[PDB]
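In structure tokens, the next block holds one chain alone, the form deposited in one PDB entry.
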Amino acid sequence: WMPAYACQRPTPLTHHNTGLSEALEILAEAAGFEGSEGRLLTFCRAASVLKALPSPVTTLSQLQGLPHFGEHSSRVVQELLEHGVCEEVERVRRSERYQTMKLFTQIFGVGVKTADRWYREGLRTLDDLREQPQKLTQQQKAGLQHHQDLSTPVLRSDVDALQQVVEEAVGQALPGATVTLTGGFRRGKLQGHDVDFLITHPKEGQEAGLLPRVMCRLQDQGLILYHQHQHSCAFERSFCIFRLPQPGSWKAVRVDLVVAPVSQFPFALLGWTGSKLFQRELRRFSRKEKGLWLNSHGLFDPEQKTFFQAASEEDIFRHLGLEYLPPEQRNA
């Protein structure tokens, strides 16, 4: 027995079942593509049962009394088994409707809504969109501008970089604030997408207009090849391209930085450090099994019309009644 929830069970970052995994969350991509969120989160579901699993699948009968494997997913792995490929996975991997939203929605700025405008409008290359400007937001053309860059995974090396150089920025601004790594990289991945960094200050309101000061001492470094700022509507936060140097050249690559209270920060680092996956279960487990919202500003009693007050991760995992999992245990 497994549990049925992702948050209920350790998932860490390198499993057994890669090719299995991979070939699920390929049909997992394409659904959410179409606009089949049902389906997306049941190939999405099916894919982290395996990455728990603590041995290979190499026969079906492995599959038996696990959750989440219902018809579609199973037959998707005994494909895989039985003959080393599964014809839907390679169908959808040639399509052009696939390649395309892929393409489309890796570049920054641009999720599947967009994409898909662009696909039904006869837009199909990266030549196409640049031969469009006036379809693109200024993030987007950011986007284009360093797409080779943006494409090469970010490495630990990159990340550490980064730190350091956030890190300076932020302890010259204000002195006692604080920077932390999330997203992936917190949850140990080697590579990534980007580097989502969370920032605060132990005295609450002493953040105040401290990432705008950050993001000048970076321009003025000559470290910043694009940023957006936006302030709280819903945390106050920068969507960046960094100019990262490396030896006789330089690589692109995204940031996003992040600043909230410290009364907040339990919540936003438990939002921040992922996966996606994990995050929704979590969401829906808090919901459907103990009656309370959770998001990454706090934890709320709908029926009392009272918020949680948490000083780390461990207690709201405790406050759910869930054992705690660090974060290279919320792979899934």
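Residue numbers count along the first chain shown, from 1. C-alpha atoms forming the largest set that superposes within 1.5 Å between two forms make up the rigid core. What changes on going to the form deposited in another entry:
- Once the two forms are fitted on their rigid core, between the two forms the CA displacement reaches 2 Å or more only for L210 among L210, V89, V179, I241.
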Second form
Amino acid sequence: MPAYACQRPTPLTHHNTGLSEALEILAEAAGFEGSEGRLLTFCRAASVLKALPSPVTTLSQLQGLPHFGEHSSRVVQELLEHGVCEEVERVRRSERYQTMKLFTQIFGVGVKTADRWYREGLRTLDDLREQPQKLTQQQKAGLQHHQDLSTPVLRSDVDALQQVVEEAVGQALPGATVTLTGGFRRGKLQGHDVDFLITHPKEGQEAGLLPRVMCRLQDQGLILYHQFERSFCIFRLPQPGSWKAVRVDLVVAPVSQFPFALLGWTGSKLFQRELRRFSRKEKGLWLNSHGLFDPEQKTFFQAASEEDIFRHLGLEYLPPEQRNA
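In place of the form deposited in one PDB entry, output the structure of the form deposited in another entry.
All you get below is the one chain by itself.
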């Protein structure tokens, strides 16, 4: 089992679901406390389990797995022995975890904001509603739409939004294309948002494109909230006899950078962090969603596909559905 998540296939569904879910609770809790290093290790350990070809049934099977030391091993041992890990349950129950989770779920609210509210004694969404002078306009949007935004988006919904985005993109810049990215591209059947990457086969034609797109969507009455290269929107999505609010991200990249932006926006988030860490630490190359830089020759790699990028970095190619780290 290789040490970096980008060195191994990680399928969407796997054989250690409960074990990985428990470690991810501890990862999430570490994040709420600002402990990025611990969050990372628990994320990585959970990910290793996702990559295994069968269930872990005995403690000895963790021997030699990367990212399993005393703490993560003890968590797994308790689950294997008792079906429950006391630490994990204590986290789930805690007022601090439940409130930070509730608050950070709000669009416009991050760990730092949630934590300050927690410290001020706020606990519920209605606490926030009953003091709206303290909220940014983004936070007000996130709070108004919070219920709809907590409902899973389905693949059927995604096909509907794509047609709608293509229509606007087509008027804004004929020839421009729209590609579905994020979790849906990795094969997820549900999600909490939809991500699209927009480009044009003629380098440079995509300059200034996003505002033209947004103006047209807004003119069609489809935008409940927004507001460059990235747009984080709330869209109005038709439902039988009604509609619901859905988070949609729109991103534009020039065609030269498209493989890099596709790779970055397809995720998973942990996969991309690991891929960038691998690039920098193992290959001495600097990767981002725009390109891949050799800081010794001071040159950028041209890529025509994601395949090219995996080859540049000396990694076996993984399709999106195996990037579910």
